[PDB]
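The lines below spell out each chain.
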Amino acid sequence: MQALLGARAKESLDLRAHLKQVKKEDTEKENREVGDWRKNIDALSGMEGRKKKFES
Amino acid sequence: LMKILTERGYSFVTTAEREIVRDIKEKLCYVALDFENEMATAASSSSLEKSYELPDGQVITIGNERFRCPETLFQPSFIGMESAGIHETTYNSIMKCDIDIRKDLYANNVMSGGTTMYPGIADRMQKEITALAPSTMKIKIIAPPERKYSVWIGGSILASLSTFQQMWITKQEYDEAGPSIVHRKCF
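Residue numbers (my numbering), protein chains in the order written: chain L, 1 to 56; chain B, 57 to 243.
For the record, the hints were derived by calculation from the structure and aren't laboratory data. Treat the hints with care, as some may be off.
As the list claims (entries may be wrong) - Cross-link-like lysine-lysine pairs, in silico, BS3-like; alpha carbons within 30 Å at most:
{"no.": "1", "chain 1": "B", "residue 1": "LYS204", "chain 2": "L", "residue 2": "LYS52"}
{"no.": "2", "chain 1": "L", "residue 1": "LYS51", "chain 2": "B", "residue 2": "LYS159"}
{"no.": "3", "chain 1": "L", "residue 1": "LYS51", "chain 2": "B", "residue 2": "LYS204"}
{"no.": "4", "chain 1": "L", "residue 1": "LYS20", "chain 2": "L", "residue 2": "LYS10"}
{"no.": "5", "chain 1": "L", "residue 1": "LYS53", "chain 2": "B", "residue 2": "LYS159"}
Using the sequences provided together with the hints, build the complete structure.
Given below as structure tokens:
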């Protein structure tokens with residue numbers, strides 16, 4: 001009386017935690033696309049002089 | 057300016073006189089960022105007048121005429137033109153462009169040509185557009201010392217760009233097509 005419902009619970013937890021597991025696999029093996037970037041700036045710090053080109 | 061200087065007792069009607077008024081304007085006039093308040097005192101006191109030496113030893117001073125002249129840029133009705141001014145036309149050129157363009161044109165209002173050298177014009181034009189423009193948007197004027205000379209300078213830049221060397225009509229294509237070629241090769 002104690003073994004059958006145990007086995008059924010094992011199967012159900014297996015299927016659910018296993019879909020959870022296969023998707024969490026994709027989450028963990030690649031966590032790079034969920035990252036970000038520094039996005040630096042040059043900002044042209046030279047407001048003391050101008051440029052050589054004809055347009056400037 | 058010549059008509060309002062006539063009102064003040066300085067009548068300029070011949071060519072020499074006209075060329076002189078243009079020179080006076082260039083050295084004495086300014087836009088004013090508040091026409092009515094500037095006029096309220098310019099028309100009441102000599103403290104807002106500026107002198108000019110005429111070529112014959114005579115002198116002239118200019119009072120509210122000093123700013124009423126450039127004011128026509130904001131009020132074209134002064135010379136009989138059916139227009140609200142250069143800031144409304146500037147505003148409409150920004151406004152009539154696509155909605156994703158408008159923000160970039162508000163922030164890049166470029167003054168060019170001459171008359172851009174009237175003191176205060178670069179600032180009044182930013183004020184006049186800001187007053188018409190939506191909030192949030194940045195309104196900004198570009199007004200380098202290369203003003204009035206900007207078209208020539210642009211010509212120098214353009215004529216010498218590598219990206220422009222294919223835009224020239226040669227004197228081959230010209231004779232085969234005639235001068236109407238300019239409408240196909242230039243603009």
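Each hint, compared with the structure:
Between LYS204 (chain B) and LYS52 (chain L) the CA atoms are separated by roughly 21 Å; this keeps the pair inside 30 Å, and the hint holds. Under the criterion of a C-alpha separation no larger than 30 Å, the hint pairing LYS51 (chain L) with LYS159 (chain B) is consistent with the structure, at around 27 Å. Restraint check: the Cα-Cα separation between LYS51 (chain L) and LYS204 (chain B) comes to about 20 Å, which is no more than 30 Å; the hinted pair holds. Using a Cα cut-off of 30 Å, the hinted pair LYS20 (chain L) and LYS10 (chain L) holds, with the two alpha carbons roughly 15 Å apart.
A distance of roughly 28 Å separates the Cα atoms of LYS53 (chain L) and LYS159 (chain B); the hinted pair therefore holds under the 30 Å criterion.
Hint compliance for this structure: no hint is broken.
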